[PDB]
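There are 4 protein chains.
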Amino acid sequence: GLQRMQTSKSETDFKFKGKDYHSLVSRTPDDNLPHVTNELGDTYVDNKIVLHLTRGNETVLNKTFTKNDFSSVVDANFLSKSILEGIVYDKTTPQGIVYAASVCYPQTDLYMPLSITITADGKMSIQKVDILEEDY
Amino acid sequence: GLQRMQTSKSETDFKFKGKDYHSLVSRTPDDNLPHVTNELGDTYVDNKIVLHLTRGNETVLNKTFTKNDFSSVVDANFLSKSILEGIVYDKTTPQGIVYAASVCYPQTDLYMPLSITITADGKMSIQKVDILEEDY
Amino acid sequence: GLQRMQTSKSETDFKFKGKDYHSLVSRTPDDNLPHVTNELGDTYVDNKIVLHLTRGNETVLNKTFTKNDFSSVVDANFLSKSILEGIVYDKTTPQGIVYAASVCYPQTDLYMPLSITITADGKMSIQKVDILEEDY
Amino acid sequence: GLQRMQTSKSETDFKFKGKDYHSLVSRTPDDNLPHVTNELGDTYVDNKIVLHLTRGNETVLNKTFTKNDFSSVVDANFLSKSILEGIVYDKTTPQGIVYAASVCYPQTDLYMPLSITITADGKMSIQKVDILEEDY
Numbered sequence: 042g043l044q045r046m047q048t049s050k051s052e053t054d055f056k057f058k059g060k061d062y063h064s065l066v067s068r069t070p071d072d073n074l075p076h077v078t079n080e081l082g083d084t085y086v087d088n089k090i091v092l093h094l095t096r097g098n099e100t101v102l103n104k105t106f107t108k109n110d111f112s113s114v115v116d117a118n119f120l121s122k123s124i125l126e127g128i129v130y131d132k133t134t135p136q137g138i139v140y141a142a143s144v145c146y147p148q149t150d151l152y153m154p155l156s157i158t159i160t161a162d163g164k165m166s167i168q169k170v171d172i173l174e175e176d177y
Numbered sequence: 042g043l044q045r046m047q048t049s050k051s052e053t054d055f056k057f058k059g060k061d062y063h064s065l066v067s068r069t070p071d072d073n074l075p076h077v078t079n080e081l082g083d084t085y086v087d088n089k090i091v092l093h094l095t096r097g098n099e100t101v102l103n104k105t106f107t108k109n110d111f112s113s114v115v116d117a118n119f120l121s122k123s124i125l126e127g128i129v130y131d132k133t134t135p136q137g138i139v140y141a142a143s144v145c146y147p148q149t150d151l152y153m154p155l156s157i158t159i160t161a162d163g164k165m166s167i168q169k170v171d172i173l174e175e176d177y
Numbered sequence: 042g043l044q045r046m047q048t049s050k051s052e053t054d055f056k057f058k059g060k061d062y063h064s065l066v067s068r069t070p071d072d073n074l075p076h077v078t079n080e081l082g083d084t085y086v087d088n089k090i091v092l093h094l095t096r097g098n099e100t101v102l103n104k105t106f107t108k109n110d111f112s113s114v115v116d117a118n119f120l121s122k123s124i125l126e127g128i129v130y131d132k133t134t135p136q137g138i139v140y141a142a143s144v145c146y147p148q149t150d151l152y153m154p155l156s157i158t159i160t161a162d163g164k165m166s167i168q169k170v171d172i173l174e175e176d177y
Numbered sequence: 042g043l044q045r046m047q048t049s050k051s052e053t054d055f056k057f058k059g060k061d062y063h064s065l066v067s068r069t070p071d072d073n074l075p076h077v078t079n080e081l082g083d084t085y086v087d088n089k090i091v092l093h094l095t096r097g098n099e100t101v102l103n104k105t106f107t108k109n110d111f112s113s114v115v116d117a118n119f120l121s122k123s124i125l126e127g128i129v130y131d132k133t134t135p136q137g138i139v140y141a142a143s144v145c146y147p148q149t150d151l152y153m154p155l156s157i158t159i160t161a162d163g164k165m166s167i168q169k170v171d172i173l174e175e176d177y
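Residue numbers (the authors' numbering), protein chains in the order written: chain B, 42 to 177; chain A, 42 to 177; chain A', 42 to 177; chain B', 42 to 177. A prime marks a further copy of an entry chain.
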């Protein structure tokens, strides 16, 4: 026996540069990925997230995401101990369509904010959200 | 002159406790709200966000949001100098439907993460996003 | 068995408003405080921190600190499951002498940043470290 | 004319593996480093921090620090817009003597937490503090 997150799914409709987009995101457990174990000893299966972005009949992007897609902007130590939690439509900017992404520490409500930016011609980029602290 | 943000809008479809929900969010400039003046001297008009959540023919929640809806969990100094940027469907939890919310500081890339949780019977709650630090 | 942390101690010399200060901080296990039990089942004894701040022959502040001194700015759920880890001289500001403070969760590298500000006339205030997010 | 931070200085005495250490830290403006400009247009001179760690007659470490010493664990975009604010003694761990370090956004109270670990034989390592977010 081992821990399995529920299958989350959401469809978002929005406009970008005056054109209508449809964004379908589907999270499912991925049994082929390495399992993630916590300090307590409970083993968790990691997830994959399919992001299917379309503009009319055209498919702008159809990618299967895993936490490893953020290996270029997240240190291996925290990335190995975390699981892919979610990818959600956030906003549109002059750069492109921005998605909020998160990897979370299993058995807790703790997560690291990340972002996926997709241009109108399907060029995709990953950025880690920098968290700054204020004293007063 | 008097700077204002573009009108962002998005519609999200998702399931919660096995029932289908439709979430429409509309950000527009609100000329009736107090203006926000930055250190440079540029005056910005603040925004209102209408969140219309429905479950079939029923309307679970239909609220006009402003940064003042977060006055119970954000200090007045930071809140007066910021503008309501966005309210985004994030995920579903046993508590309720969670929305990611943010207020930003004009002419910068800085913003404060907040959250709105709505139950299936329309009970709404506001929270500030807190942090823990992880090292090695 | 009953786990406990080592006794940490440090003495810091610094200037504030042109006057020389001596700051002695001593962490010791406090057997009189309620124990902290983690998810695994290991019970940890909590700590007390004595902060002795002096300016020449005068004692500006001599307080015994516990995690309960931060009950006004930390929720009881998180505070009951954590242990007082440390209080550290950080810097001087126009407000006062700032100390970095932290409460940690046993058997993990997670901890919550907090702060103690002490004025030249010994008026002390507690704050929670908040955050803003920066992207691109 | 241009902005200049005040010269901060602090001496800390502590024990590590049963031996007495003396740690002197001195922050001064460094006119030779590139200046840092904010969104408003105010130019700030960056700082250097001399950390002089001794154990009796021996000098364990005597290094001049700049924000560029953290280039391996902080992205160039945020590092270029920030200035070295401080390096302070935090605690001792089995790895070594840990210092809390911070780079801050000029004209604000915003900073990024970092850490310097120094072993008893002077081997030094840099780590960025990972900030995690909690929703409830």
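Be a bit skeptical, because a hint or two may be false.
Simulated restraints on C-beta separations [as the list claims (entries may be wrong)]:
1) A':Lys169 with B':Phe119: 18 to 26 Å
2) B:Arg45 with B':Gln136: 50 to 58 Å
3) B:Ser67 with A':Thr160: 35 to 43 Å
4) B:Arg45 with A':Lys58: 25 to 33 Å
5) B:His63 with B':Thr78: 41 to 49 Å
Everything labelled a hint here was simulated from the structure, so no lab data went into it. All residues carry an ideal CB built from backbone N, CA and C; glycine is no exception.
Exercise for the section: Return the numbers of the hints above that this structure violates; sort them in rising order. Expected result: 2, 3 and 4
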